[PDB]
Amino acid sequence: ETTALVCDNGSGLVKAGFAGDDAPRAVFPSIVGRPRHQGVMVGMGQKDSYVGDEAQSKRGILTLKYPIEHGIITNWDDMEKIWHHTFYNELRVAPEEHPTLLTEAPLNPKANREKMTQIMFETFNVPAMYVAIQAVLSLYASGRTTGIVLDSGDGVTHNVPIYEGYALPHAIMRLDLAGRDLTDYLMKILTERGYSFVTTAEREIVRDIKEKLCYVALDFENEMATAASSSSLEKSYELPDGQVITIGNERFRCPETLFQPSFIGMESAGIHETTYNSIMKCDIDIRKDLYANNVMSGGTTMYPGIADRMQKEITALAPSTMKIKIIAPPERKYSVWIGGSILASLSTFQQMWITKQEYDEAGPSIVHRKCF
Amino acid sequence: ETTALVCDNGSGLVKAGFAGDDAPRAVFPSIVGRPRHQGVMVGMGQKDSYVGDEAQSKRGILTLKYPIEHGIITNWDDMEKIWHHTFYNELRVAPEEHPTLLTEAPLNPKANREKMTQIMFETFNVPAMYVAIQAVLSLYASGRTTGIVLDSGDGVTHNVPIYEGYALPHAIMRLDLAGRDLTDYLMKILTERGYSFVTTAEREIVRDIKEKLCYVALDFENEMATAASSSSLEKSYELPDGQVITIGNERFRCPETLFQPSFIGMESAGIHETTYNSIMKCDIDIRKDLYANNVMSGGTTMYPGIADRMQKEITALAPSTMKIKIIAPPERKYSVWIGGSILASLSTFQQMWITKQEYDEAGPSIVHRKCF
Amino acid sequence: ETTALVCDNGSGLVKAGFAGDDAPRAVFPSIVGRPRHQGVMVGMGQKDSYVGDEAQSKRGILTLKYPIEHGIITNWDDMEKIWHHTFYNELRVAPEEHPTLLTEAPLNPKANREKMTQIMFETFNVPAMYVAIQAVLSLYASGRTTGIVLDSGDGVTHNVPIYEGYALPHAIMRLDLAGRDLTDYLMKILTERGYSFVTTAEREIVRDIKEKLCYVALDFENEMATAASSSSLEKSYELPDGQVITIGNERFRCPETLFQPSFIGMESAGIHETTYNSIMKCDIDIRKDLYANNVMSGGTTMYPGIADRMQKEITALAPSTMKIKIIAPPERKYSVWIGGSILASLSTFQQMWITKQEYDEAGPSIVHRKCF
Ligand SMILES: Nc1ncnc2c1ncn2[C@@H]1O[C@H](COP(=O)(O)OP(=O)(O)O)[C@@H](O)[C@H]1O
Ligand SMILES: Nc1ncnc2c1ncn2[C@@H]1O[C@H](COP(=O)(O)OP(=O)(O)O)[C@@H](O)[C@H]1O
Ligand SMILES: Nc1ncnc2c1ncn2[C@@H]1O[C@H](COP(=O)(O)OP(=O)(O)O)[C@@H](O)[C@H]1O
Ligand SMILES: [Mg+2]
Ligand SMILES: [Mg+2]
Ligand SMILES: [Mg+2]
Numbered sequence: 004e005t006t007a008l009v010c011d012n013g014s015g016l017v018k019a020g021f022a023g024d025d026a027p028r029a030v031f032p033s034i035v036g037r038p039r040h041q042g043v044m045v046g047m048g049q050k051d052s053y054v055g056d057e058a059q060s061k062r063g064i065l066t067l068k069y070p071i072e073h074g075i076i077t078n079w080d081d082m083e084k085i086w087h088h089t090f091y092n093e094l095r096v097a098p099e100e101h102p103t104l105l106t107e108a109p110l111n112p113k114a115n116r117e118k119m120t121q122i123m124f125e126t127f128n129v130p131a132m133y134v135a136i137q138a139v140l141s142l143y144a145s146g147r148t149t150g151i152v153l154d155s156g157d158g159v160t161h162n163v164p165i166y167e168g169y170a171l172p173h174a175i176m177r178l179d180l181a182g183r184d185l186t187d188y189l190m191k192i193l194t195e196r197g198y199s200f201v202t203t204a205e206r207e208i209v210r211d212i213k214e215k216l217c218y219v220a221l222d223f224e225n226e227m228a229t230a231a232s233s234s235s236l237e238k239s240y241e242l243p244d245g246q247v248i249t250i251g252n253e254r255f256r257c258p259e260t261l262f263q264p265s266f267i268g269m270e271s272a273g274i275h276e277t278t279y280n281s282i283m284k285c286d287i288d289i290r291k292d293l294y295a296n297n298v299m300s301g302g303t304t305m306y307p308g309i310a311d312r313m314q315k316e317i318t319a320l321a322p323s324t325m326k327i328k329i330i331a332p333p334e335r336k337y338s339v340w341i342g343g344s345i346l347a348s349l350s351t352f353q354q355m356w357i358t359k360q361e362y363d364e365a366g367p368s369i370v371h372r373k374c375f
Numbered sequence: 004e005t006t007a008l009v010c011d012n013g014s015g016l017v018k019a020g021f022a023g024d025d026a027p028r029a030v031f032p033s034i035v036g037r038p039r040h041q042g043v044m045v046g047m048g049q050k051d052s053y054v055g056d057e058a059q060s061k062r063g064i065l066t067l068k069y070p071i072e073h074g075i076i077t078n079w080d081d082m083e084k085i086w087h088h089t090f091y092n093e094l095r096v097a098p099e100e101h102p103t104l105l106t107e108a109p110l111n112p113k114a115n116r117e118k119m120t121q122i123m124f125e126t127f128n129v130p131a132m133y134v135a136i137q138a139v140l141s142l143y144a145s146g147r148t149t150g151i152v153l154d155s156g157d158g159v160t161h162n163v164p165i166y167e168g169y170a171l172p173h174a175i176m177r178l179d180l181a182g183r184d185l186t187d188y189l190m191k192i193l194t195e196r197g198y199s200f201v202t203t204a205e206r207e208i209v210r211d212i213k214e215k216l217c218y219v220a221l222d223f224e225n226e227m228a229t230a231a232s233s234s235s236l237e238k239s240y241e242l243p244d245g246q247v248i249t250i251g252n253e254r255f256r257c258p259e260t261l262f263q264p265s266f267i268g269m270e271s272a273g274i275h276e277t278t279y280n281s282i283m284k285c286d287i288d289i290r291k292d293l294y295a296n297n298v299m300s301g302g303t304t305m306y307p308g309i310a311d312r313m314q315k316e317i318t319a320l321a322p323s324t325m326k327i328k329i330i331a332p333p334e335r336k337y338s339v340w341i342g343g344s345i346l347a348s349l350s351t352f353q354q355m356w357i358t359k360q361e362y363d364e365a366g367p368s369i370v371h372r373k374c375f
Numbered sequence: 004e005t006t007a008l009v010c011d012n013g014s015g016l017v018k019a020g021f022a023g024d025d026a027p028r029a030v031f032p033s034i035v036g037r038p039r040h041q042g043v044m045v046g047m048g049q050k051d052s053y054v055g056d057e058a059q060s061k062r063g064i065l066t067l068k069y070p071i072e073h074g075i076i077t078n079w080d081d082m083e084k085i086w087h088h089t090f091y092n093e094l095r096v097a098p099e100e101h102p103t104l105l106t107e108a109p110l111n112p113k114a115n116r117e118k119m120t121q122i123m124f125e126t127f128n129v130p131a132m133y134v135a136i137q138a139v140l141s142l143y144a145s146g147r148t149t150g151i152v153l154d155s156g157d158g159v160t161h162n163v164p165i166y167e168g169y170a171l172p173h174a175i176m177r178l179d180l181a182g183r184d185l186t187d188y189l190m191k192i193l194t195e196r197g198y199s200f201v202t203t204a205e206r207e208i209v210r211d212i213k214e215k216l217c218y219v220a221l222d223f224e225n226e227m228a229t230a231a232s233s234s235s236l237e238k239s240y241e242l243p244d245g246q247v248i249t250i251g252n253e254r255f256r257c258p259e260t261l262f263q264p265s266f267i268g269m270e271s272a273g274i275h276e277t278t279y280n281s282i283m284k285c286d287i288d289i290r291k292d293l294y295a296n297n298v299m300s301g302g303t304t305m306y307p308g309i310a311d312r313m314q315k316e317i318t319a320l321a322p323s324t325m326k327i328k329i330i331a332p333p334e335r336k337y338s339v340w341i342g343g344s345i346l347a348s349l350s351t352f353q354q355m356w357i358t359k360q361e362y363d364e365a366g367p368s369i370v371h372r373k374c375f
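Residue numbers (PDB author numbering), protein chains in the order written: chain D, 4 to 375; chain F, 4 to 375; chain E, 4 to 375.
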């Protein structure tokens, strides 16, 4: 009778909802905003901190901080604030009568999940909770069993291969290059056209510009030549103070960092080579099914050229006798939450919860014994 | 009214069917596979063991083990699993109403036969059972009564001479050099070209390469010279992951171990010398008939150069006035099963079964006093 | 009158010197570094590539590549750079008047040895060159004739048994698991404590951490329990930028892959099982002498728990009436070079060189008819 709660706490967004639903009920940015100026009007119910959409609406007088950086919770008081807001203000629910399912990026510090379990059991004390890997939930949402999931969000980009329900943990690859780094690089290269964005609110503006006008090119050199030749790739964006900026090759130079990380001085390979190397680390007999089941999840995969570019690159890397399919569902921005709702509604999962009694007996160390 | 069952349990393959048929109904690999990677998805009916074609089709996440090694059952739980699979899932029969005929290589340990009888009477209890030697079944299938049978399979290569229905057990020669050793030698010599196959799953790939591309050279030195001079003996093979590997002299070096065991460090003589030595241990009055009635059986005799090579070698060893003939029927891979089905259907064999009453009276030791 | 050169090119280090000596003259890492950032100061003697110690010293602005992977030369221009550095800059010698001895792991591709011969005779033209197996040299340096050598370096781990100077190639075992794999595994498992090492410059830092702080436990479960109980096994390491990290069970979990390869997803057996399997594949009359003469060589055998652990494991596997003795000399990091210098100084070896006239007459294939 007691329904469960699925809460995906990503680096940039929080997606919370109820188990068994098709879409998350609450989606809001994971920011805590604090006033930086002097208050002069007495009364009027001024608060010392702001969370979520309230921080975004008043961001012109606030400094915004992200409690999660690269999938790791850096500030715990702010994260506790975010959880309090998502339980009592958005979902409008009492945490002490609902089991909770949370998510974790692969190859993360163990202290992160230990303190997550401790806060959930000692501050928002729940009957049960479960910490799950995001790529497995994305595969649950896709409805299939074999596939290699590339999950790219705001802090982390990771590839995880799964075959017939079994993971190959030695082939999991993690890259700390995601949407926030793309926002930073776009911010840096906008200074070539005279536009100066420095503050935290201007970072939100640049992120909005990236979400609106950026795309992944099929061929980088040809698009550069086209942008140099004619003014056909230039788009105009209107700022909140009515100013209009015009961007050209920066529309496709920003997500190209996903394929050329050396644009921001990193030594790693692109996401295509990382995926290919993750497939080559697996057994030979499962590579054929891995090539045809590339599943893309997360908001950083929403650029409207990324599937074709990925297919072209992996086809250039893979043998010519192989069929390569890139799976990009239209609702892949919410794939982790949809998979968590699918998993938490299964009758075969109800014995895999971490109960309050087990936590009391074992302490904040059972999260490694019961969760993979 | 009760139909008899014929099950040939070799080192590599299980050939099971009903007596009176022309071909075995169920031929499947004799392996048990178990998961080695980490299962991350719940439900979906995951099993803790896979047997037969289900293990081979899913081998990329499994470790594969052969219960039978060199014709001796090493693991008995897995052997019971194989027998259960071949009685229920493949043959779709209830063993409580069908006598069973089984096969055993010459010069085997007694305990193997004893435990086979005990399992067949106490786990899959049968009205009666029998254990037969493979070479007499091969000579039954060949249709003749006199001849020398060279049976080479996956674990054992044995020569048995028979004259007018009487065997000479002192001339029986057993050699533990068969198909698995050839697969291992091919795996070793494929590293000369940079190809690495290490795991148990890749052993099956190398086995397929051996079954498809290898052959026996009529003269080994001239074949080596031909391979060194021109690239006319090279063949390409496409791997499961789409890689293409080219092999040259390894096509005829791998089965050359049958004629030169010293390639794998074995001091024994070749198969031709073993056949000649078995013939020369017999009486002088039967060697003329044994020379002209050489019968081959098993899957190791399926290389497309072995009959001519054996004829040439034995003609080199034998007197020039004798006629040497090699009998290589196209169905010789299934010769043991065909001979068993012919034998189990005879009206004079129904008195030679080991019934349940006699097993209760004598225990698992009547298999020596009733089976030769 | 011409002094012979002894050069050992492993996967990680180059040990070069003159025959007849006791220690190699030049021991330097086998890496080539190339700049990855933008040069802004004109002139100043900037080079396009760096080799050896100079590449390691300037690694903060360089990308470092290993020309040899798993004992196989993957890049040949970098290999020519390494050999030019070790001939003209380190040894300070002219190659045209010194014969050269090179080493190679067992079960390598033939093309590697052929191209080594071709490069040594056509680019660094030597009067003579000879390629030898590393384990035979280790037995030469050990002073004895009978023994089984376990040589583990940076790319390969191979077992070679020798009895009275005769080798048994069918019992030679090779495992592609060595120091670099342990470095990668340590990089993976240091992420549990929040440390992120990604770039190739940080791989050397992790290698230094492994060389200074890692060790092999005598009992794995007991040491895991001890680490879980108290913080007595924890050690601190200072990073190049002054940061201090602390590691606990990661000290002994990293080399345990040599005994449990499944930690990195490999299906193979541990080094103790591989040594026991190599002993069991030999003749029965030499196993007693192989048991008492386990010879350890290579830098991966330098952990301060590995001899006792190997003795315990082999004594567990071997019959109780056998004397198992592990021979781990203090200078076993340079056993290959010492054996090569011993062999190249023998008067009975001077007729086994491959002169330039023989190479001209036969081509780059006499290295198979002359070298074992
Ligand atoms: N349509 C889009 N095009 C490009 N980038 C997008 C788009 N939508 C979202 N993003 C990026 O995705 C990131 C967040 O995606 P998501 O995975 O849903 O959140 P989280 O990373 O917190 O899980 C943001 O940094 C944003 O810049
Ligand atoms: N066409 C072929 N060429 C060469 N070898 C073959 C061929 N077909 C099967 N084999 C080998 O025969 C062996 C098994 O043959 P068979 O005697 O029928 O089974 P078992 O040895 O279990 O009795 C396998 O090891 C396989 O490698
Ligand atoms: N004290 C040590 N303890 C453990 N490992 C070591 C130690 N010193 C060196 N190594 C390892 O030995 C490897 C190379 O050893 P060596 O065999 O001398 O070189 P190569 O493998 O190139 O022949 C390196 O990868 C290094 O990690
Ligand atoms: Mg996410
Ligand atoms: Mg057989
Ligand atoms: Mg070495």
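Some clues are possibly wrong.
Copies of the same chain look alike in the list, so a pair counts if it works inside one copy or between any two.
DSS-like mimics (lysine-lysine), calculated; alpha carbons at most 30 Å apart, straight line [as the list claims (entries may be wrong)]: (1) 213 <-> 326; (2) 336 <-> 315; (3) 336 <-> 191; (4) 61 <-> 359; (5) 284 <-> 359; (6) 61 <-> 113; (7) 113 <-> 284; (8) 315 <-> 50.
FYI, nobody ran anything at the bench for these hints, they're computed from the structure.
Tested hints:
Taking the shortest alpha-carbon separations for residue 213 and residue 326, only the inter-copy value of 27 Å comes in at or below 30 Å, while the best intra-copy value is 32 Å. Proximity of residue 336 to residue 315 under the C-alpha cut-off of 30 Å is restricted to the intra-copy arrangement: shortest distance 22 Å within a copy versus 47 Å between copies. Within a single copy, residue 336 and residue 191 get their C-alpha atoms as close as 26 Å, and across copies as close as 28 Å, so both meet the 30 Å cut-off. In this assembly of identical chains, the alpha carbons of residue 61 and residue 359 never lie at most 30 Å apart, being 39 Å within a copy and 39 Å across copies at closest.
Proximity of residue 284 and residue 359 under a CA criterion of 30 Å is satisfied in neither setting, with 39 Å inside one chain copy and 43 Å between copies. In this assembly of identical chains, residue 61 and residue 113 lie within 30 Å of each other by CA distance neither inside one copy nor across copies; the values are 35 Å within and 33 Å between. Proximity of residue 113 to residue 284 under the C-alpha cut-off of 30 Å is found in both arrangements, the shortest distances being 25 Å within a copy and 25 Å between copies. Taking the shortest alpha-carbon separations for residue 315 and residue 50, neither the intra-copy value of 52 Å nor the inter-copy value of 36 Å comes in at or below 30 Å.
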